[PDB]
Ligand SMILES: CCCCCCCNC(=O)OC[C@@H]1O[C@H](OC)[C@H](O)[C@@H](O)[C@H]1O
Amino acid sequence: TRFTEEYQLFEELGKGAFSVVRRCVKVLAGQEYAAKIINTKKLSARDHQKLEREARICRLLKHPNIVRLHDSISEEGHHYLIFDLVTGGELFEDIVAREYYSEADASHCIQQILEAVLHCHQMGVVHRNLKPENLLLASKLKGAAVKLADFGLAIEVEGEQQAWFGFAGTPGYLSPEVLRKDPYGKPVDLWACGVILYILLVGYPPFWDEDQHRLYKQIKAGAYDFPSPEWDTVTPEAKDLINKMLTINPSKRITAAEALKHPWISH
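With the form solved without this ligand in mind, show the structure of this chain by itself.
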């Protein structure tokens, strides 16, 4: 079929459990891409489901701050997902290397995530697994764009309707409503932005225990803090935005629209 006839593979970029990602070129276009090549043979039932979902959901979204799916091909034992080429690695790896971000950069970064999140919510998509691992830098350049990735756990919603979509996501970034087993929707992604923003500024996360069942109580109680002295030189409008994102009640939590209009980002 048409991967062989349309595209040419080049170097290894990353390895998965059942997937490899390799730089490729749509030949008659001469445009380069990231081909995630997935051994469909090795995949389980729920793994297959997530792949179909990931392909349909990604294809709904077209935003500079979202890793675009351009194509989707199948070959008996392999599915090929043709994505944006991205050379800058994960935001996680960039936070460790740089340890924390200035308020300025932190603002410029969370800005792009929020716009991407806004597009998702405007397209009736909720990511559910927002974390620095799933936020990628376009290139090694010192102003490279941030793009949202891995929609394997993303879901479709009808307007502002909440429903029990299941327990899913990463413990550090799970919203209180998910953990309470309440119906949920768009606001979970804005909770995840709170935790990501908090990490950008001081370089460590607001919710952690070695004991997972205590971690989940810490999240549900809204039990985060701004310890002295490191937070004493952070601005109250930075903390204000965060407090609005880490609101326990999704109903009272700030939306992506509202957060983009926050002075800390607006100005």
The other form holds:
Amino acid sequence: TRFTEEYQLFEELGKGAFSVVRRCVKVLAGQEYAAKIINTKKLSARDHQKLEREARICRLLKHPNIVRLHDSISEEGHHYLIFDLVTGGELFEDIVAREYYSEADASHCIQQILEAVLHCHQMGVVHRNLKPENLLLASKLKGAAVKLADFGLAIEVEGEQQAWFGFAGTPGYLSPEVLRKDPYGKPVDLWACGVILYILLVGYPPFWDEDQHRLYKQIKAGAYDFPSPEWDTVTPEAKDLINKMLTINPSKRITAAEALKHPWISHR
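Next up, the form solved in complex with this ligand, please; the one we just looked at was the form solved without this ligand.
Chain only, nothing else included.
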């Protein structure tokens, strides 16, 4: 009963399958948090495994560019994952409002995202669901940190060992190897980083179609291009890093470590 005794609930911030995210206050400390509230009434034993996996993965990850878990609280009928409150909103909304980022801003942005991904990979975590909605700005004040969030689809992997871990992720950001239903691992996250960097620089995605089957064909074939006029003034070094992230063959796809050494990131 630690949550009911110590915290008060306020407005909804998001929704999930069996869950809700809400601002809460730890009343005596006067400190605000975001709580994922899961209804655990007649949860499947598998769904219990998934809940404990998310909590365990979230406890592992200590990084400036990852949302911190503060507590995991089991009450009768409800479980609470208490995270930092981040008030800057989704990266998604910032990109739509500004339309696109300058190369210097996009680079600073993707640099933080890759550092968070590098940490995940070093700790044996694959997110599987990177996209602008899952990346949150630490404040509304321009220059605010990006924080990786929503490890609900994250998996634990043993070093570089890959398997068919299941079909999970978001259509626009899915890797060819996930869509083919082939074994995969850490590189699925670098593929999604490629999609996000593309969006950062021109404010629309490299893969989109009204027909989902045609969308998946385009992705599996790495069928993206750099149309005029929006790409007319973008450097080849930016195109190059995107190319290396959007490499179909996952062995030859740039790693988070390699991407952070790419001149377009490191030589500024």
